[PDB]
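There are 2 protein chains.
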Amino acid sequence: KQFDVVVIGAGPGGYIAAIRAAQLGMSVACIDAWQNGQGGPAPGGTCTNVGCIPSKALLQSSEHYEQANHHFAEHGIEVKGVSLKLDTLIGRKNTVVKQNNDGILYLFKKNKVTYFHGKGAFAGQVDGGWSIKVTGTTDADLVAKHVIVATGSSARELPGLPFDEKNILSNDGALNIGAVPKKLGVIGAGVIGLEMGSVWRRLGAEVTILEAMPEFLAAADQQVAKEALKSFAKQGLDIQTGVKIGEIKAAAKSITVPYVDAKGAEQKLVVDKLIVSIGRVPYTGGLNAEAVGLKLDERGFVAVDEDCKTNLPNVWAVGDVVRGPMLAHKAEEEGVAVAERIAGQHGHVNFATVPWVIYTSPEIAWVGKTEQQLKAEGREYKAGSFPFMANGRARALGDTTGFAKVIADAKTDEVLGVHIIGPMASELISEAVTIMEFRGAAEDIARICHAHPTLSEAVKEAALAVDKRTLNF
Amino acid sequence: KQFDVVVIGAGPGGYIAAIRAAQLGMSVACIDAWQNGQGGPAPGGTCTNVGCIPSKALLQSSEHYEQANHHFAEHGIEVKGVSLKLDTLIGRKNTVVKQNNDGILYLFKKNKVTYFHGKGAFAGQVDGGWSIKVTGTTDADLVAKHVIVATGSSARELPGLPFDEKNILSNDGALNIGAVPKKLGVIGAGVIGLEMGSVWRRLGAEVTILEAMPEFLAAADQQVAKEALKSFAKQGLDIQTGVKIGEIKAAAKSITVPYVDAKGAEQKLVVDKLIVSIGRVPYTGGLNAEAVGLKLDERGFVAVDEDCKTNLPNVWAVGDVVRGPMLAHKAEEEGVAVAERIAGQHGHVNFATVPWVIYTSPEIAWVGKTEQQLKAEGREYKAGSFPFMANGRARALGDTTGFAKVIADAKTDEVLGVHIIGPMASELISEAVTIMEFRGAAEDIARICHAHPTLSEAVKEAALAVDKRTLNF
Ligand SMILES: Cc1cc2nc3c(=O)[nH]c(=O)nc-3n(C[C@H](O)[C@H](O)[C@H](O)COP(=O)(O)OP(=O)(O)OC[C@H]3O[C@@H](n4cnc5c(N)ncnc54)[C@H](O)[C@@H]3O)c2cc1C
Ligand SMILES: Cc1cc2nc3c(=O)[nH]c(=O)nc-3n(C[C@H](O)[C@H](O)[C@H](O)COP(=O)(O)OP(=O)(O)OC[C@H]3O[C@@H](n4cnc5c(N)ncnc54)[C@H](O)[C@@H]3O)c2cc1C
Ligand SMILES: [Ca+2]
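As they're listed, the protein sequences go chains B and A. Under PDB author numbering, think of the first position of the first sequence as 3, with each following residue one higher. Under PDB author numbering, think of the first position of the second sequence as 3, with each following residue one higher.
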């Protein structure tokens, strides 16, 4: 059948692109191959099925378990015992994932987006535009004037160590371990590795995280990374950076990771389960790109210009499969912008104001540039910081770890970056993204009324600190 | 000794005004009479000692107690034999109050504010400005060019029923009950009554809240008020509005509250303790306003103009003792503005962007105008809302109660109000205040990238709803 737009993929980029295009009056088809455990439709891509949603769910349940075991007596809460029912914990997450799968199907129905459960591939050009063939769980021959490629990503594998999701786990297996492992190994100390390592440590595993890169969380503000590393060590996450990993061997019983530590001493990490979190790679498997001449760069990303247009007429690409931050909200921003451009509008995507969030305890969130980056560009700046120990709400909450930091241009006072480590950082950062979108100044934050007592007041005080006039520190 | 500024009161308005005046290079004295348990200094006024700080502390601890008893099973956390050590819970709050008292003393030292622990009063006008006499815990005779009256408030009492903080409790007694009462009565269903009722209900009390006003939370958005009443009823708070309260009598460890319900039937509420939370009244006890002819209104508020100036030259008044929202951040806004005006600057205080927050579960937070106010002034608007049930972070969290609402001008799209009921609403509202301070539009909120998954996304979606184009609902 004929459509104005065919969207290949139903992850954050594709499902939103489809909905936005439908709002703009277009007949839209969205093709997605993801399957649930019983082989049925499971929209939402990586984020819903093996990504943001399930990882955030396990982080919350594991945080409650940590609270029950170590932080309730100080509140006058006495217990006779605490035990884990892992099937129920994993079960709640599975239910949330399913709710999200169903919810997206419902959204497609409401918006009259035609959903095809299967794999979509380019067949060629025809009179009506592009011929897209659907195979696998559904067979269909579609035609569309515009095609939006939103095929996403796959977990990067360590060379010679394929994932089996039983003992050698990607993000997929990490979210489905059937029993808390005695000893868990994690390769990669980036956002995903820290989150996954935190989950399982809280549930009872001894966790060791090995990172080949010498610098820990290099993209985070220096002050943030240092404080985070300190908190993670206290929590019991044995993080080792600057290591050289050898040939990993997965035997029936033990997985042995031989490595040379940072000091140059030989080591062997012996674990019951291993999670490998060393990045994401763009996915175009089965898209039949090469056949129609759709250009990919050397890393496998679909090549696009500033407006997400590929080399083929009326073929666009968004999300993890193209350049830029590999984040759900980035994919969604591009999906919306491409639908609007197809409709004849301008669209808006600005990577400079995309926020980054780590959902560990403490939470970490930032938007804009770090001090390191500003120094690298020779951009004169002033930074102000305020600790949660001095915040009334953090004190009342019983969680005073961390700080808020605002960095401004030394001459114009324009806010160039905001960095937060502490309670609810993921939510507090919204205010900073807003300020940056208006190209606001540190003094603007400092002069905006913040409700008392709230964690948000730390952002105001950090801004006051830029001008050496914090009121509560 | 001679000071440029003498501030009478060390609550949010006064301690902040004093600090700000000192930052601006003026010589400042701050006089405050509050005493801790041992009769020593205890800065921070109502908010620190018997207000915001301890109330938020008990709310969090009692919420943890509630979580342990009812919301941990679903996360796979089996906690057996949960019990309460009330003395430890109250003790944690007492330690936090002391941290805040000590913190303000340190801020005064750091900023070179001369602190006088005692009662400050006008003596008369002199050539150097105003003669201020300190008595009680300190004896001193000061001369100030400018005086800032920040004497705060006290608890409103029912005629014939004085507080004793044993059986008939104000906010003071409510934060120090020695044992969980089997049956707790609360007169007043406003912010404090709902918060205090929630604390003690979670800890084991059967709570009944009686309110004379026929409308529940009349100042809030009606949809927010309606959902709130539904949530509180479900939680076990028996809230009755439009009742006529008779003569309350306490005797033999019991308290009888005769009343006529909204349907004209006599009733009798028999409880073990009674909290009366029916408002706050301005306090100027011992200020000696008559000696200098300082004008007070018929309720006892210090009369002031739009810039917080009284009828006496160089005498200003801020916070709860003057007109406007009786809130901590409002007092701070005025203290800062007055110090800035004394220094020769313009100052800025805008009640239209002052946020209101209720720290119940769910939390309630709003800023700006409600639909009912806009209808009344005949200003055409557009409202949009989004439920947390459709938000990925709320789902992951396991708390999907409520929604976010954005109200915009129908012609200019300028945001006129934002109303939120749900998880972390107190923190999410900061984004709305910031938008209003920049005179931003609903479309601005909608275009701003919000991190996924975060509760803040609900604010973005509510803004999309204003233009009838929500994506995830
Ligand atoms: C463990 C983990 C945690 C994460 N947490 C967060 C977080 O907290 N916040 C955040 O912003 N981001 C997070 N991410 C990143 C986020 O998941 C991605 O950035 C986002 O999913 C990218 O969306 P997308 O639509 O571009 O691609 P994807 O989500 O990968 O969706 C691609 C979809 O297309 C389908 N597909 C591919 N090829 C075809 C074809 N030929 N035909 C039909 N269908 C096809 C796939 O089956 C898939 O459903 C996380 C990732 C992981 C792995
Ligand atoms: C239970 C409760 C919970 C609350 N929760 C919140 C909340 O969550 N958020 C919020 O914004 N607001 C809250 N409030 C309101 C908040 O406490 C007040 O709005 C705020 O304290 C007002 O500050 P202020 O400086 O004007 O007065 P106050 O805090 O009352 O301080 C006045 C100070 O002056 C002293 N004083 C008075 N006269 C003299 C004199 N002659 N000489 C010397 N000292 C004197 C008093 O002892 C006191 O220390 C709450 C109030 C209560 C009762
Ligand atoms: Ca109302």
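Quick caveat, the hints were computed from the structure, so don't treat them as lab data. Treat the hints with care, as some may be off.
Identical copies go unnamed one by one, so any copy, or any two together, can satisfy a pair.
[To be verified] Derived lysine-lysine pairs resembling DSSO-like cross-links, with alpha carbons at most 27 angstroms apart:
#1 377 - 114
#2 112 - 384
#3 100 - 246
#4 147 - 114
#5 82 - 184
#6 228 - 251
#7 135 - 470
#8 185 - 228
#9 270 - 251
#10 184 - 255
#11 168 - 371
#12 114 - 384
#13 265 - 168
#14 3 - 87
#15 111 - 184
#16 114 - 470
#17 82 - 100
#18 377 - 255
#19 265 - 3
#20 112 - 3
#21 87 - 147
#22 135 - 147
#23 185 - 111
Each hint tested on the structure:
1. When the C-alpha separation of residue 377 and residue 114 is checked against a cutoff of 27 angstroms, the pair qualifies neither within a copy, at 50 angstroms, nor between copies, at 35 angstroms.
2. Taking identical chains as interchangeable, the C-alpha atoms of residue 112 and residue 384 lie at most 27 angstroms apart only when they sit on different chains, with a minimum of 22 angstroms there against 49 angstroms within one chain.
3. In this assembly of identical chains, residue 100 and residue 246 lie within 27 angstroms of each other by CA distance neither inside one copy nor across copies; the values are 40 angstroms within and 50 angstroms between.
4. Taking the shortest Cα distances, residue 147 and residue 114 sit within 27 angstroms of each other inside one copy (18 angstroms), while across copies they are farther apart (71 angstroms).
5. With identical chains, the CA atoms of residue 82 and residue 184 are at most 27 angstroms apart both within one copy (23 angstroms) and between copies (24 angstroms).
6. Taking the shortest Cα distances, residue 228 and residue 251 never come within 27 angstroms of each other, neither inside one copy (32 angstroms) nor across copies (60 angstroms).
7. Taking the shortest Cα distances, residue 135 and residue 470 never come within 27 angstroms of each other, neither inside one copy (62 angstroms) nor across copies (34 angstroms).
8. Taking identical chains as interchangeable, the C-alpha atoms of residue 185 and residue 228 lie at most 27 angstroms apart only when both belong to the same chain, with a minimum of 25 angstroms there against 50 angstroms between chains.
9. For the identical chains of this complex, residue 270 and residue 251 are intra-copy neighbours only, at 11 angstroms inside a copy versus 75 angstroms across copies, given an alpha-carbon limit of 27 angstroms.
10. With identical chains, the CA atoms of residue 184 and residue 255 are at most 27 angstroms apart within one copy only, with a shortest distance of 12 angstroms there and 55 angstroms across copies.
11. In the homo-oligomer, the alpha carbons of residue 168 and residue 371 never lie at most 27 angstroms apart, since the shortest distance is 39 angstroms inside one protomer and 55 angstroms across protomers.
12. Within a single copy, residue 114 and residue 384 get their C-alpha atoms only as close as 50 angstroms, which misses the 27 angstroms cut-off; across copies the closest is 25 angstroms, which meets it.
13. Taking the closest pair of Cα atoms, residue 265 and residue 168 never come within 27 angstroms of each other, the shortest separation being 32 angstroms inside a single copy and 65 angstroms across copies.
14. Taking the shortest Cα distances, residue 3 and residue 87 never come within 27 angstroms of each other, neither inside one copy (49 angstroms) nor across copies (68 angstroms).
15. For the homomeric pair residue 111 and residue 184, neither the shortest alpha-carbon distance inside one copy (45 angstroms) nor that between copies (52 angstroms) is at most 27 angstroms.
16. For a Cα distance limit of 27 angstroms, the shortest separation of residue 114 from residue 470 across copies, 15 angstroms, qualifies, whereas the shortest one inside one copy, 55 angstroms, does not.
17. Proximity of residue 82 and residue 100 under a CA criterion of 27 angstroms is satisfied in neither setting, with 33 angstroms inside one chain copy and 30 angstroms between copies.
18. In this assembly of identical chains, the alpha carbons of residue 377 and residue 255 never lie at most 27 angstroms apart, being 49 angstroms within a copy and 69 angstroms across copies at closest.
19. Neither within a single protomer nor between protomers do residue 265 and residue 3 lie at most 27 angstroms apart by alpha-carbon distance, with minima of 63 angstroms and 64 angstroms respectively.
20. In this assembly of identical chains, residue 112 and residue 3 lie within 27 angstroms of each other by CA distance solely inside one copy; the values are 20 angstroms within and 74 angstroms between copies.
21. Taking the closest pair of Cα atoms, residue 87 and residue 147 never come within 27 angstroms of each other, the shortest separation being 52 angstroms inside a single copy and 68 angstroms across copies.
22. With identical chains, the CA atoms of residue 135 and residue 147 are at most 27 angstroms apart within one copy only, with a shortest distance of 14 angstroms there and 84 angstroms across copies.
23. Neither within a single protomer nor between protomers do residue 185 and residue 111 lie at most 27 angstroms apart by alpha-carbon distance, with minima of 45 angstroms and 51 angstroms respectively.
Violated hints for the displayed structure, listed by number in ascending order: 1, 3, 6, 7, 11, 13, 14, 15, 17, 18, 19, 21 and 23.
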